[PDB]
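With one protein chain held back, the other chains of the complex are shown just where they sit.
As written, the chains take the letters A, B and C, and residue 1 is the first residue of each chain.
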Amino acid sequence: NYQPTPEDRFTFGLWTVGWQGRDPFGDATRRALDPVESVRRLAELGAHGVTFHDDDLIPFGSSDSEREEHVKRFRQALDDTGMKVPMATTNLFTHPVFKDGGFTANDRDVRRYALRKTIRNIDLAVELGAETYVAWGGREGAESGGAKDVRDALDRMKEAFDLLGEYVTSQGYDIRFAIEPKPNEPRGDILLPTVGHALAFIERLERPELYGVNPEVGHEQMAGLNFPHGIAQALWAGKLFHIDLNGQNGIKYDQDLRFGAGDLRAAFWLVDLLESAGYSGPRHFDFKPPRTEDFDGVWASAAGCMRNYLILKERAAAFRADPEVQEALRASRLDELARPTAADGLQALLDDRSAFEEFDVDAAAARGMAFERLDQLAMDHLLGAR
Amino acid sequence: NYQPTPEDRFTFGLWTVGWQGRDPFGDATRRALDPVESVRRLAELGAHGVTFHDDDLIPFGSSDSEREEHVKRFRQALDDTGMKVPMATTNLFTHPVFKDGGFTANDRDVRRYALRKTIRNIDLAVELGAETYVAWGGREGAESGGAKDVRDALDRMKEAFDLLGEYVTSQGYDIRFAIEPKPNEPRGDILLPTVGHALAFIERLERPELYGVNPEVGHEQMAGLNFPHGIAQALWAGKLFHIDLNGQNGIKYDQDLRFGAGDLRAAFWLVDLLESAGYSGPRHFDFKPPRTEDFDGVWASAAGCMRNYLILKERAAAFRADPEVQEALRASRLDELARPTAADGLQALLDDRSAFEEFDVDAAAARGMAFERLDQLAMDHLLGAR
Amino acid sequence: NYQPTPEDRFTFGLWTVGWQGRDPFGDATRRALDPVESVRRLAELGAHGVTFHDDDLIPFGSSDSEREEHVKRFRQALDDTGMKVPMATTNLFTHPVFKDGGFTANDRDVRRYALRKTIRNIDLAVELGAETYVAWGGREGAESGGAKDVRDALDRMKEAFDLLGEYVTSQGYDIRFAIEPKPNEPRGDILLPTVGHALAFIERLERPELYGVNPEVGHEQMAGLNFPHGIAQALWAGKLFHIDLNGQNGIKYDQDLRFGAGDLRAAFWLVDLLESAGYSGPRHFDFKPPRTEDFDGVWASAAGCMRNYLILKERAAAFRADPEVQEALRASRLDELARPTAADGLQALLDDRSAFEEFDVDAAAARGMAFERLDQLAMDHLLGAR
Partner (left out) sequence: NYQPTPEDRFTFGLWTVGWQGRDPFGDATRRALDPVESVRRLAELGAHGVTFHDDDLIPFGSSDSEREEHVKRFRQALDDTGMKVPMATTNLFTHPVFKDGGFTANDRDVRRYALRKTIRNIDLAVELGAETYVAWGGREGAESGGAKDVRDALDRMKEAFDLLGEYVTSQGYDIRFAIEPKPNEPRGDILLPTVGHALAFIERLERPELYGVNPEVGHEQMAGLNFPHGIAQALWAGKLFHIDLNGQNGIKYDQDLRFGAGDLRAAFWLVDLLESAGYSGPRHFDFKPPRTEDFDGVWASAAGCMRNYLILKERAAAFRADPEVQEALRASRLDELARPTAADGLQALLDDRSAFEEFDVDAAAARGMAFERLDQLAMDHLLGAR
């Protein structure tokens, strides 16, 4: 039951199952994983593919020789398993050089280095088959108000993203970029803190069609925001290039729980939306098996990610397929929401006395929305109580 | 000391000093204010102007005759005082008809009525001199996931804003629109929940140049976001058409405290930014004198709004004018942030060995940002301790 | 399926289904309910009982004559239905006189009036069968730091609660008091903001055995706290006299959604705890049918409260009864948690070399907690996926 297969397009970062358990207040609880072993164990679990930071796959400061050997080993594991690599990203946050940012570090030479580090890994990503290249500006921001001129920082952020878009255009690459928003941590406030801010920023770039968002469940929830709503707006803009799935219990540090944990009802409505809208990108899990777990718990946690997606997928499908739910949706006028407000046009609206002068405001106010009955049908399906 | 004058461009909504003190758990503590008295008392305090909802100025359901009388009284008060009306807005939230929204109500006839209600008040706003027309979609959203198809809702929201833009274009009006974001309350989640989401949505409108944001201090803070950062991004996009100033203590219900209360340091950095960037729009206070206050406390609270702006203005000016602060800004490389990252171009960057192969990553990592010394200079100025 | 009966001990406040829908930004969407009709409709739904504020049952400012008539009507409805009244409370928040508090108002005469208002309703509560009298100090607090000396306020709060305890002792009443904590709203910060603060305060009262807590799901979640954990600590202290069940989506205004909505997984673990610990008090729903709903939606929402409790009750029971879950609990050493740490005593511990000098810290560190596998068993049961 609920066994994942590659058609489900489930993917995992090397850094997820490979997280050793170091947190602000504690040392590693698990040994480091060989990327080759992760590719194999994930393939056995039914995953579609893997993702990586440059520094997950090639240890930082590697010579050309060692770099080659790490990449060759990895590609062989991908060949043995048929695992794909739909997305890759740059580590612009771990090394102390990035303590004030990469693309928006106050130090100009760091910003140039950030771009060269990213461009090198774009080449490798394209070679391995990645269709999306993710930017998470985890270090772009400040802890204090005077440390960062944010208009200048956004100048530098636009400049970097424009340069990356000129680079892929000059190479004839098909890869597109996806910004992964996060409101805070490790910086006190991070630039482009939500899906909305990232989408707005993209529209000021030179080639906006090359850039979308990679929203993460837990990150929008760290701002108390409704993650299905933000995904809906990303889909509405045509910008949902990729997505990070995990769990988060409210407004606190970034938990990265396995998907399904945290806000379970939001996970249900998210899966309902992704499936209904026909999202066809990777279902990527950016999660961390809690450091309480040994290696067997790591793989159980990763399996649980896919399992919870597939259960929720079945619950939302049954919900939508239920005639009683279809009738409830009509009773709540979800169908009227889809009708143009005034396709008859502005002048017809202005002359339409039934829209104002003769609008019976009180009869319309008295019509109950029947939202609670519909939500309890949704709850009944989610819990299997139908 | 710190006495406001009309050149300071301080404005107040009729609904602010006129808030009677009804909250979810209690009845009104103050009698209703005559708009004419508010215009006069505000003018005596040194305010530049007033704003209004349609239903603040004309009681809902007013005949043409009574409407005329309410407007004539109001204009006379504006003539006696020289008070301006730089902004107006529509009440699309109080009446029970709007319980599921205005522009995005599931009921199509409510959406049409919403638009006719707004268009009527745009005409009056333009007549009274308003340069900005604000939309706060306080009822646009949901408490439960199935109640609102958010992609369809954004269709309807775009349709309404496009119709309003066609209307002002057809009338030859100069007025522009500003979306006021709010993440939640009174709906469980509100559509376009932050400055970022509103800015992104604007770029999908037919005439994006007609639309900006009216961000509110407390609303971005209800999402835990950095309000000066969001204002910076609005300024960066050229979209800061208007601004709502008040106070908010963290993530909870919308407090609307007088400006300066709540997050005092954020208020300092906000005033520093507005003044430094040369923002020239109204400094509008969307606040509520707490219901603990009688009428004398109402006017003291409103005076306190302007007073705190002017103190903070002086502190930020002294901060920026301090040679020790100018030197600290250089020590933190705020000037390098303003320099293009790679004006020499992509190819020069790719061939620049000092940007990667020969970049001494560790020497750069060892350079301290000196952010704490700069922030303590900012703290010293804010507190008058220099 | 999942039909509630009076043995389930489900109770509702008159103010819950009777909420007319007035919120900070909107007028009532529903007509007022006759308390007699609420008693009957709730009895038909399978509820065990009702609760009330004094001013829900007798309109404020009622003469003795009218008061008598309102009470007689109500008791007759209770006689016709067999509905019980296990809890009552005082409205010390709606009337403008309480704008700075009841028991801790700065004005001494208001504090005395608060106590007389409460004592009058204790008499009625005792007559109607109430075993618990709830205090919600919704107005006790401040919006600004200088407005309330909090040590003096706690003096006054202790004085009032001591006086109430002397009153019930002098009358020979069996009724006990329960403090309902709330962190904020309508005050900027409310005194005794969480279960913990309320429990600590009780231990300074003259007769601590007369006082417990009435924790509310949404209120602890408004502080981002774990509601099952706080309930566990209340049970551990022997102080869970009563409980308020509802839903809340994170840190924002007090939503009072129907129970089961909001944090669904927390609702599961709460029901699991209440049932496992053998809590036998009322399962009281302090919720508000959203103002989008008409009267049919009001009763559907109230039914949904009980329904979700009973589904979750069945899921947690099946979870606990599962042999695979019992084995998982042993694998995670939940049984070792129940064993005394050092029943051999301090001196034996000090001389036990296996507890320090010879403790193999690394072998113990390597033992995985197997928490993820256990939680995925819990998730499987909650969703019906076993």
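By definition in this document, a contact is a pair of C-beta atoms (placed from the backbone, for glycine too) under 8 Å apart; a residue touches a chain by one contact, two chains touch by 3 or more.
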Fill in the blank from the handout: Where B:84, B:111, B:156 or B:258 are the choices, the one touching the absent chain is B:258
Practice task
Touching the absent chain in the whole complex: find that residue among C:48, C:53, C:95 or C:288.
Solution key: C:95
Handout entry: Sole contact to the chain not displayed, among C:77, C:92, C:210 or C:251
Key = C:251
Practice task
Check the options B:101, B:224 or B:282 and report the residue that touches the missing chain.
Solution key: B:224
Handout entry: Absent chain, residues of chain A that touch it
Key = 21-29, 93-96, 98-100, 138-139, 143-144, 147, 183-186, 188-189, 222, 249, 251-255, 257, 261, 290-292
Fill in the blank from the handout: In the full complex, chain C touches the hidden chain through residues 95-97, 99-100, 103-104, 106-113, 115-117, 119-120, 141-156, 159-160, 163, 166-167, 170, 183-184, 189, 191-201, 203-204, 222-226, 228-230, 232-233, 235-237, 251, 265-266, 268-269, 272, 277, 329, 332-334, 336-342, 346, 349-350, 352, 354-356, 359, 361-362, 364-367, 369, 371-372, 374-375, 377-378
Handout entry: Residue numbers in chain B that touch the chain omitted from display
Key = 1-2, 29, 221, 224, 250-252, 258, 260-265, 289-290, 292-297, 300-301, 303-304, 307-308, 311-312, 315, 365-373, 375-376, 379-380, 382-385
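We adopt the following convention: only the chains that are shown with their structure count from here on.
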Exercise for the section: Please compute the C-alpha centroid of chain A, do the same for chain C, then give the distance between them in whole Å. Expected result: 37
Practice task
Express in whole angstrom the distance between the two chain centres, defined as the mean CA positions of chain A and chain B.
Solution key: 29
Handout entry: Multi-partner residues of chain C (each touching 2 or more other chains)
Key = 29, 251-252, 261, 290, 292
